[PDB]
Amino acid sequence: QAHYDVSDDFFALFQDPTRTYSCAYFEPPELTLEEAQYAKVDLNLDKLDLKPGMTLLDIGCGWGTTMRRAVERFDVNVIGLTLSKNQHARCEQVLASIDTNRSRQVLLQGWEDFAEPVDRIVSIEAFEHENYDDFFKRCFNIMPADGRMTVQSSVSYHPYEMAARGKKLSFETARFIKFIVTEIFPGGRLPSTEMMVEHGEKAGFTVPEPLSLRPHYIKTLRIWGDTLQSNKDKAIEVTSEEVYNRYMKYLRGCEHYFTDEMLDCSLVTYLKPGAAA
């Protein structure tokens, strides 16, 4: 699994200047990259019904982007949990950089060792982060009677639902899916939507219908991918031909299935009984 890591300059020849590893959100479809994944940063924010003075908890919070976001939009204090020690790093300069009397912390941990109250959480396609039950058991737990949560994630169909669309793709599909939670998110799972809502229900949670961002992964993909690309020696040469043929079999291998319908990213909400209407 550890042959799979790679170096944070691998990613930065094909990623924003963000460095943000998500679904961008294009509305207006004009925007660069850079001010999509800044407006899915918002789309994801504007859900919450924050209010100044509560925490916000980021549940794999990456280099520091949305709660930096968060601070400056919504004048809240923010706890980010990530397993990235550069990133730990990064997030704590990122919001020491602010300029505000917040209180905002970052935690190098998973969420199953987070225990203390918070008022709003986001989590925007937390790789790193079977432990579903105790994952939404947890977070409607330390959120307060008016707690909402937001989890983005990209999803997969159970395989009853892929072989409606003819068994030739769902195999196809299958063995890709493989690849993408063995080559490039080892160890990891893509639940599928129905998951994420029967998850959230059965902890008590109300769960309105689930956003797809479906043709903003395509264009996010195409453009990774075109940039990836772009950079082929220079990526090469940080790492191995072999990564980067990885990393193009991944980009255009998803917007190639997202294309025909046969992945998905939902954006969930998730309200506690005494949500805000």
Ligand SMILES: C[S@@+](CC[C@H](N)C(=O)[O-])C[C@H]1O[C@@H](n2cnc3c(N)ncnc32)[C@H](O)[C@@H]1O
Second form
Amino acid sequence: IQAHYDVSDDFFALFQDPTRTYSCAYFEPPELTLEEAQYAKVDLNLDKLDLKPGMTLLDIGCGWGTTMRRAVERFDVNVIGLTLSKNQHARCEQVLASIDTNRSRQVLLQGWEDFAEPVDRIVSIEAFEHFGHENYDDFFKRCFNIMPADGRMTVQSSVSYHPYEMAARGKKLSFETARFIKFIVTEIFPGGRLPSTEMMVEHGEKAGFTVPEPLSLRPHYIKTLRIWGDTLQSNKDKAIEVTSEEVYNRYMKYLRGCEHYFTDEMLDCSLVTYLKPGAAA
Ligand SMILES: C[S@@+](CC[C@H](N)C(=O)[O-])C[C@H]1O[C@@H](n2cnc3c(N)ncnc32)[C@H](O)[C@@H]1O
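In place of the form solved without the named molecule, the structure of the form solved in complex with the named molecule is requested.
Shown next: the complete complex, the earlier chain at its head.
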């Protein structure tokens, strides 16, 4: 039933930039194109990790391979990617195999639940919303355990607020946001659950990480979603012929709706850094 909501790489290409990044971009400086801003976001995350030549970076939820390839090119690291999409696995294999490097590059069709190999640093961009609340302690424990004494990880994720925090903004908007979030986690990312920033932080701490102040990316997601939404709309006829009127309308509701709730400050997007006790200063 969650399989009813699988969509082809054809469709995503009709709103995403040529890197095929499916996550909040970083418009610093403000005038960057979406493509440039996606590279800036990858850099934003990678720069937090204290990566040195010859380390192994794990990317959990590696999408179509851009983050891994950028890490190899910039940092001369080995890379391992995990994805649960067979399509993304295939594209990543092609992206990774054709990098001019001596470093090791591997993409695995499996979840973090199944991965327990030593790595030096971890990046996870907008996969965390798929994991589910019940699995947070296990996720952070696993990340802590596979890393060395100086390990670091970044996790970028959309977030909501506790229903109490929301009801402070008025009951009407609070219930309407809760419904829209249920839509995201049913029709866009089936089986998902949006965390709060507080859950992301506290679960990391319980596992033993040091957690600095999270970075809010909300204004940047506003811009990202506007550009996505404008692109899909411009590509409407193509999108419908690639899929259906149903999928097109589904993604326009998601894109326009997310832009609206981020604007209204009912959603946020946090980039959280997790530092192990022996992490560099
Ligand atoms: C919204 S995409 C983000 C992809 C990429 N990080 C980016 O910024 O474009 C979500 C990714 O998370 C992956 N994913 C979901 N649950 C996962 C899990 N339990 N373990 C590993 N990957 C997972 C999906 O297969 C997909 O690659």
